[PDB]
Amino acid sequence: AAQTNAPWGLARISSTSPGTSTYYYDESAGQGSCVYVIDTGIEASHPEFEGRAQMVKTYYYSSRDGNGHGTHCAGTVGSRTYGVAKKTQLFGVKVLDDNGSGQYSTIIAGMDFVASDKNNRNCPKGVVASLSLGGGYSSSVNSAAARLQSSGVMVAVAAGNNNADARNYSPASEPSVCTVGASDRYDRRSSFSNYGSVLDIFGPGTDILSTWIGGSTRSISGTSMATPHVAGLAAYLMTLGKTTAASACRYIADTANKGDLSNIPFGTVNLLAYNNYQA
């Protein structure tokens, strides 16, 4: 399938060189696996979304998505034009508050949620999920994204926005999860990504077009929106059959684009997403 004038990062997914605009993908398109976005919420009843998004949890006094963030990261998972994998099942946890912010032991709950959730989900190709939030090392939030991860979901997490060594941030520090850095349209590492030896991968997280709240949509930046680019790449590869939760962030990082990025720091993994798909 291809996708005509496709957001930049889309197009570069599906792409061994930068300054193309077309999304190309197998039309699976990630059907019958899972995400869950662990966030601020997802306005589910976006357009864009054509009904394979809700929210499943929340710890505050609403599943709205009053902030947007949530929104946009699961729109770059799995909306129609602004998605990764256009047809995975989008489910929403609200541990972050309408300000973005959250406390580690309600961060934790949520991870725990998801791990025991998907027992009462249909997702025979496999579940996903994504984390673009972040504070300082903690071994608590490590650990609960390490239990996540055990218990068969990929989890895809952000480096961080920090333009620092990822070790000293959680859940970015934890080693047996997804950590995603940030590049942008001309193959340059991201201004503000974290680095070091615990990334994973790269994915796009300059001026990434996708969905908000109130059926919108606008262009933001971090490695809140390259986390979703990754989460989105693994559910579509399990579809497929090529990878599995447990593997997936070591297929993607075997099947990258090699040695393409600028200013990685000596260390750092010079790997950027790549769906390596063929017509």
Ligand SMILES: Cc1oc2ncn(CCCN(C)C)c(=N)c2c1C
Given for the second form:
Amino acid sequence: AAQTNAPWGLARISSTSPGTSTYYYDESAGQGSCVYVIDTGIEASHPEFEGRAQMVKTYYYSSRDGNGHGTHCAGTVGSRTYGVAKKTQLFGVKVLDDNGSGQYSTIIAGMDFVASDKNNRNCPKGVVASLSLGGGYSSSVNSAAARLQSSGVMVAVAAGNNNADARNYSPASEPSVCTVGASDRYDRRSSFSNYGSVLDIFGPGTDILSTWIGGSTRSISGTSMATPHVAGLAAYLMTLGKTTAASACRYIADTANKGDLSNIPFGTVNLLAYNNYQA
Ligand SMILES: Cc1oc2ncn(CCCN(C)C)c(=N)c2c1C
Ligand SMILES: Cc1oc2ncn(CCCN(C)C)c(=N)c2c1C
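The form deposited with this ligand bound is what I need now, so please give it after the form solved without this ligand.
Every component of the complex follows; first up is the chain already shown.
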């Protein structure tokens, strides 16, 4: 399948070269997989989600996304126009309030929730969790991310936006999850992207168009935007049977475009997520 005039990040993940604008992908499109977006919520009524999104948990007085960040990330995972895996099921877990803030205790509870809740959901092709959030190092936060991964969920986490080594951030620094840095449309490391040996992969993160609250769209930047590209890619590859939740991060690294990014610090992987789709 081909989506013409796609957002640059979708085109990038299906291309061996920067500078193209069509997204190519197998029409299975993540059908039968599920992606949990652990964030500020998801505006599930957005036409772009086509009934495939739903809120399943909140820790606040409402399950509504009053911020937009979670809706944007969910859109990059799985919206019809802006999403990598256009037929996946999206589940919202609101661990962040409408200012984008959340206590580590709440974030941990949300991860443990997903590890159990996937057993209440029909996801025969596999389960992914996208965590576009984090803060300073916490062994308890890292352990929660490790538990979620061990339970059989592909966990993709944002590296962070401090232009610093991700070893000092959580859950970014948990080795067993998939830690995602950000790149731009010219194949440069995004100016704000964290780096370091704990990174597994880069995805598009500068100037990413996706869904927003109020039934709208906008372009924003962050490792938060790169992470759902990788989460959606994992769901897509799991639906194709090419990999599993336990192996998808390694598979994405194995099949990535290698050596193509600039301003990668020595010791950080030079790997850009790539779907390897051949029509
Ligand atoms: C106008 C705008 O509104 C935003 N809300 C959340 N974010 C994401 C930053 C923090 N996040 C965890 C809540 C934005 N980057 C953003 C931008 C730009
Ligand atoms: C380790 C980590 O530390 C963070 N601090 C703020 N944010 C919010 C910035 C979100 N983005 C859209 C600009 C994070 N997403 C984050 C992550 C991951």
